[PDB]
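Before any questions on binding or motion, here is one chain by itself as structure tokens, the form solved without the named molecule.
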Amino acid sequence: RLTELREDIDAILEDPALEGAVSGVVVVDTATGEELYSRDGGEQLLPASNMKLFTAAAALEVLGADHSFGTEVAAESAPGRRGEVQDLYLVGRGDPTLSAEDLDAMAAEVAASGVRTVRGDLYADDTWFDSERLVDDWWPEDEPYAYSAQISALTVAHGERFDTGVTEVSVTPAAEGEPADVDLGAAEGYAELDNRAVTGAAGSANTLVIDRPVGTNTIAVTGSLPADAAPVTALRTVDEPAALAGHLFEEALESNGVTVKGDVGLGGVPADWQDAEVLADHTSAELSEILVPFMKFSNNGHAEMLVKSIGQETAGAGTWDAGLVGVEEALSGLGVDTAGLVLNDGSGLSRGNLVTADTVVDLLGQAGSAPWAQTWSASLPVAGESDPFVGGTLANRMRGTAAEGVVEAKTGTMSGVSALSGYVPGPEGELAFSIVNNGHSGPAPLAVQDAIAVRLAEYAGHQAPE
């Protein structure tokens, strides 16, 4: 069977879509260790979001599947007679799933603690991580979009997928010629609004554009939305995620009967506060659960926060430099040869990252044998599964094939970069594979990747559902 499998993959890799592209393709049988396929396995290539495989593995090794993240609220001391306190601090310690509802629950605790008036100022403390918001080589033109959200120890996650450091912008048509209605979501009262958008005639062309001009905290909207067009929503990033959380907490407190007299801003506990009083706190779900939205949807913010959390745990420094060292050491301790690996970030967004298909398969093998193997493989997108939380970024791929509900793999695509690596379990043996394509000039070779995955599923003993 080996000869037929190899010839079939050989044939697939001849696709004109891979024209001028270099593709590292490696397939191994996890049970036996037999190398089923190998081409350019040692070639260093950009991994895109496949970098998250390394980050997740390191996170489970360093933080542990049972690790949880916390957020707290504290004053120098408990409220006095009139239920007053001076300055108040909202302190985040890396929770990548801190919601606005979580903030309200904490605001309620502040009230239930006996607080009625914050005579001082409200401060958002995200000193748990450093203030380096973006990776050095990330592209500035990508900054307005969710995947490029600024990194902070204190950030509000939006929706059930927990997209951090963003706000949901909504644009609703009015009558022809009238300005379009633009809502800034959570960022109302925080980010500035520059609405230049107008409502076009019914049946006209939609030319709406929602942007956040580089280096500003303004949501600029331009173009025209037809009067008969459906309302539009878009996630847009905001400058200083912690400052937004402060705004949102300010509103929460207000809604729970707690008045804030001073201003809202960034700042850490004075340290000259020996007995601070924690009026409220929140604990996130455990890492094993957080991995799901993280890996299924390829959440960049989660990845970078995990790296910095890894840095705090290994060196008391929530920094990329310390975090990336922690990741490499965690991988080596796992038995992975990191020689051909270059770590520049944990999400894979950075063009400075490098991996080799052999290194990916190596990781897949070691991780599959670790005590957290099940929680790890469960976080991976499952090919062709309609449920977003199961199919993830593979929900619309390989549906109706032998791979549907079988292939567990992480995706990763950017201009000129595409990858698919994971597992293909079956009665004919547990397979591990990695496909990394760099250099193609058109759309990512997703169909090529799919073809190979389906062929592997068939080799593993599966049949397409009829």
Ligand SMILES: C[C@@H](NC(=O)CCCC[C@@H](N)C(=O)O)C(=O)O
Second form
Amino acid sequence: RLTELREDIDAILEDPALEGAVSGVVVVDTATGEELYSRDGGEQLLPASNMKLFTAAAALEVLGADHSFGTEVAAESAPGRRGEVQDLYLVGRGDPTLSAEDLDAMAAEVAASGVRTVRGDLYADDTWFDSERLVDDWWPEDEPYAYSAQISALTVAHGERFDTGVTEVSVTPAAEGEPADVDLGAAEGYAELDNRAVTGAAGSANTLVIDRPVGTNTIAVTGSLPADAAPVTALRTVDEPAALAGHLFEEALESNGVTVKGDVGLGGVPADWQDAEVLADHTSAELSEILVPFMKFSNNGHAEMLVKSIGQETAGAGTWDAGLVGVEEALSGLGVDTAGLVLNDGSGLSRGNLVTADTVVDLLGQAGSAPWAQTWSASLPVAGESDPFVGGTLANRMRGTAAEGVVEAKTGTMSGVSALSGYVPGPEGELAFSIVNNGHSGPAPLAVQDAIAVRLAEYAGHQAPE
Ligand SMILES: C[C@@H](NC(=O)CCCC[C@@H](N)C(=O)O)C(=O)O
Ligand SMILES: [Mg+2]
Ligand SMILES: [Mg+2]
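I would like to compare: after the form solved without the named molecule, may I see the structure of the form solved in complex with the named molecule?
Next comes the full complex, and the chain you just saw is listed first.
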């Protein structure tokens, strides 16, 4: 019965979609320790977002599942009888889920505490982490997109999925011949606009491109939008996430009866301040609840921000150098053999990262018996589930198969690299698996990945729903 399972995974791995590719495939039973299958298990490969598994376990060991993140507004002293302050500071401490609403409610607290004129300048303080925005070997041409957002301690998160350091751009058509309407979203009055886009005839071709040219803070739009087209939206990153958070915070202050008379910029609390007055503050949800949008949708910003938060807890340094050692140590203290690991970031966007399929499975076994095991496995995408917040990146995969609603696994796809790793819980034993593909030269081999997980689910004692 175990001899036939091997013949089918051998046959699945023959597919022409794996032409010139190296693939690590390892399957293990969690109750016994029986290695049911092993192919190139100790070979070093790139993981893409499967590197988030390692990060997320280390964030729970170091910071704990009870951990939350704070944000504050500070002045040198309280406001007077006239209700005047000088300079104000908005100070961030690594919150990956700070919304525009959250800023509005802090701007109400500021007015409630007796302020009605900010006499000086307003400063944004992100000095809880270093000001290294991107990783060394990330590619400059990817910088306009939400997954390559710059890293900061003061960052504003968009929408219910909490995409940091970005703004939503909207393009609406007018009459044929007239320029199209571009909205910059939150970054209105912060980022610059370069609108070169026109409206085309009804039924003409959509040729619209939205860019942020490298080393600028400009949204550049070109092409035609047909008069009969549904309007277009796109998330785009900005330069200095903290300066935007600043810009968005004085708008909130102004909307709330507090007047800012000076300028807005970056800067930290002067230190010659002996007793700063805290006029407003906010507290995030706990890390266990934050792990859900993070792991279900594969958030890169969250992972890089959590690394730098590990550097603070272990060393007092908000840095990739220090946090990456913290990840490595915490993984060891849990029992993982980290001989084959090369750690260059938390998200897995770096092509400097290397894992092995034996290492991922080792992690999945150790995380299975850790005190925080249920909050860990809840964050992982479930196969074939409609609900975005239950299915995540596996929402439209393995539906109508024996794996629907059963297989819990993390994904990770890039040019030349793709991976699926997680749990197959069932009555015939709870399984752990890792599939890692490198070197393929077409579409990512997602159906080969699906095919194995489905076959393992039938082996674990499941059937396709009807
Ligand atoms: C998970 C995240 N995207 C990525 O990691 C996509 C990485 C693309 C890198 C690109 N230079 C390439 O090589 O194709 C996202 O879609 O949010
Ligand atoms: Mg604005
Ligand atoms: Mg089932």
